[PDB]
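Undergrad: Fit chains H and F to the known structure of chain G by using the hints.
As a plain string of letters, each chain reads:
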Amino acid sequence: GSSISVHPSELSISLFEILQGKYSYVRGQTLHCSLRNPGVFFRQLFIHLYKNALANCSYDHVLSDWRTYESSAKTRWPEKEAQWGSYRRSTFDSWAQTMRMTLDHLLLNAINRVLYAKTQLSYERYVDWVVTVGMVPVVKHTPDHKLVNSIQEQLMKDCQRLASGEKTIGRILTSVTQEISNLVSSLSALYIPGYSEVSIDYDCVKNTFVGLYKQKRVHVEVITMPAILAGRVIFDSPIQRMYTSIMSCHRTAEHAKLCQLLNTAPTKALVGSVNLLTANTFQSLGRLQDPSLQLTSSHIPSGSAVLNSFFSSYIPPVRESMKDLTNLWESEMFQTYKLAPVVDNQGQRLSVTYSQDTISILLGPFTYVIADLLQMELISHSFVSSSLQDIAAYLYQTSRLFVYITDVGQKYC
Amino acid sequence: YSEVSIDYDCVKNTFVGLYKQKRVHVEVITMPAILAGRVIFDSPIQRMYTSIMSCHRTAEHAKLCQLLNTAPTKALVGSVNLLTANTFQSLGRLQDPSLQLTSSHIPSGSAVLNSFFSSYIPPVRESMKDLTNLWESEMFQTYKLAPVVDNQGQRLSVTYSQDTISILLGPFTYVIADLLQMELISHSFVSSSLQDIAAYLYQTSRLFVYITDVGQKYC
Amino acid sequence: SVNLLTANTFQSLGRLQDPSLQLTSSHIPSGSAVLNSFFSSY
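Protein chains in written order, with the authors' numbering: chain G, 9 to 280, 413 to 553; chain H, 203 to 280, 413 to 553; chain F, 413 to 454.
In isolation and in its complexed conformation, chain G is listed as follows:
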């Protein structure tokens, strides 16, 4: 009735080292290294914080500012009050392009500084958790106002570029700033706590699995429940499904190296420091005159009259196990996490991007389950290979601000 079992066993200490590649390493391990990419989750923080800044609905505030922009352009062009047909088409495009460069300057700078905050979360640990084990330890730290207070002064410094002087131009530009003032302080505080330590901390077995730091307990989040036998715990993991063939490749490679180093001497019979790549052939042969390298002694102890003898040659099948594993891990990430590669003509492989199916498997529980992040929205499929210039360009056409400008532009036509 104890109900406790150790998680860091002899199996689990070897599972984390497979990714680290000390024991066995092949070409198929590299496709897991693209699964550890934090830049796709970095795109989710860029889309979320930019969309809600452009989600403010202020109809009368937008239409009142074009009137003051029109009244400014009346004084800049004197003696042209009689004509007004050419006045519309030049100043309307002149009104729209002013508002893009102000959002290019101040709005995008606040997004990237939250995105690249020093030592807060770890997506590379999270892929190192989930692929190895279904459990994700959660250490909740205190939300510290160290990087937060550096942002809260830049809340004022976003206004200091306009210096609160242009109330007409600012009342759109601060309305999108006063929403991102509140949202960053709500997002960055939730961006702090969640931490874990891969291959360091300790985990136990009960009805609900528990983890522990030096003196405190650690909450455990499980995405895939392993099998718990009373003798030995077997995980439901893609590496655990690979563990038989990973062990078999290194032992036959050490067997292959053993047969190489045993067949060094050219003459085998019965009885009954300078690097050689750098050394000259004249200097090497003076050092190779040793009885260990030239002969193999086979003593054959007494009471033994040798009747016959045979010779055995070099035969490990070395590279056939390596060529299987490169096709084996290639079929693993493309079917467990369903990654879609891009392929040029004549079947040439390029870098593998993510898919819509892996963004529900990984970035679903990474965003929603780990941290209490309610308002977050999942990324569309075509945005994973895009650029930061391409993201803010496409989101403008579906934003709130473009609807108001199109409403103004179709009345005057």
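Note that these hints are calculated values from the structure, not bench results. Incorrect hints may appear among the rest.
[What the hints assert, rightly or not] Here are the simulated distance ranges between beta carbons: (1) H/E460 x G/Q496: 33 to 41 Å; (2) G/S432 x H/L416: 22 to 30 Å; (3) G/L417 x H/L417: 15 to 23 Å.
[To be verified] Distance condition first, Cα-Cα at most 30 Å in a straight line; then the derived DSS-like pairs of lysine-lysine: (4) G/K478 x G/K30; (5) H/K214 x G/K30; (6) G/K222 x G/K154; (7) G/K154 x H/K224; (8) G/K59 x G/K478; (9) H/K265 x G/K463.
Note that CB positions come from ideal geometry on N, CA and C, so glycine has one too.
TA: What follows is chains H and F alone, placed relative to chain G:
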């Protein structure tokens, strides 16, 4: 500033570095594993370290089997460069007992019953052909570099991508130096030229908007 | 015990001088005069 493979680093809860008499601040992008016995890093070279060591030791093994099989006649007992030298001048210098025979003394109390011969067998170049495909899959998946390829699958020089510019030039610009106003480069600008950069930025600049505003009033 | 992929060739051959790796003993107990013999491969 920093000094690669020169300065000194320690291990604590927060990692610290040191110059001759002053402390050096340490910025960490990937946290390694800290075991009490041996420290194992989370590095792409550290993930390669097993196969890098195995290639040189079997190449030194391959060179050892070459230099052991020099003499053409092997039996039991029981300075001018040769590329530059003439064949008549070389054979006068090759009349040496070390190059012609291999002595195998077989010490006393040993009546040799049988004997065998072993030939040259290292698998030399198969380890080298694996590593060229191994590092090719490493930078294209850890840093996600996009190459350009002509027809019939011919490889050209590999440019950067949008994914490596967040991994490398993100922490290089923002984390290291307090550079607030810096903006990350667009994707299509990495292969451009300096004439092409200033041409394209003019069409989205502030100055072109004012000139277009003047040019549409008079039309 | 050092892994042969990591070990030097000079350090390995000092450890490979063992009677188990070099020979196979086939005792063929008494009352048996061996007439012929054969070899089987992989």
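Undergrad: Does each hint fit the structure? Answer for all of them.
TA: Verification of the supplied hints:
{"no.": "1", "hint": "H/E460 x G/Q496: 33 to 41 Å", "in the structure": "holds, 40 Å"}
{"no.": "2", "hint": "G/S432 x H/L416: 22 to 30 Å", "in the structure": "holds, 29 Å"}
{"no.": "3", "hint": "G/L417 x H/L417: 15 to 23 Å", "in the structure": "holds, 18 Å"}
{"no.": "4", "hint": "G/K478 x G/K30", "in the structure": "holds, 27 Å"}
{"no.": "5", "hint": "H/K214 x G/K30", "in the structure": "holds, 24 Å"}
{"no.": "6", "hint": "G/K222 x G/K154", "in the structure": "holds, 25 Å"}
{"no.": "7", "hint": "G/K154 x H/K224", "in the structure": "holds, 25 Å"}
{"no.": "8", "hint": "G/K59 x G/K478", "in the structure": "holds, 28 Å"}
{"no.": "9", "hint": "H/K265 x G/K463", "in the structure": "holds, 26 Å"}
Against the hints set out earlier in the document, no violation occurs for any number.
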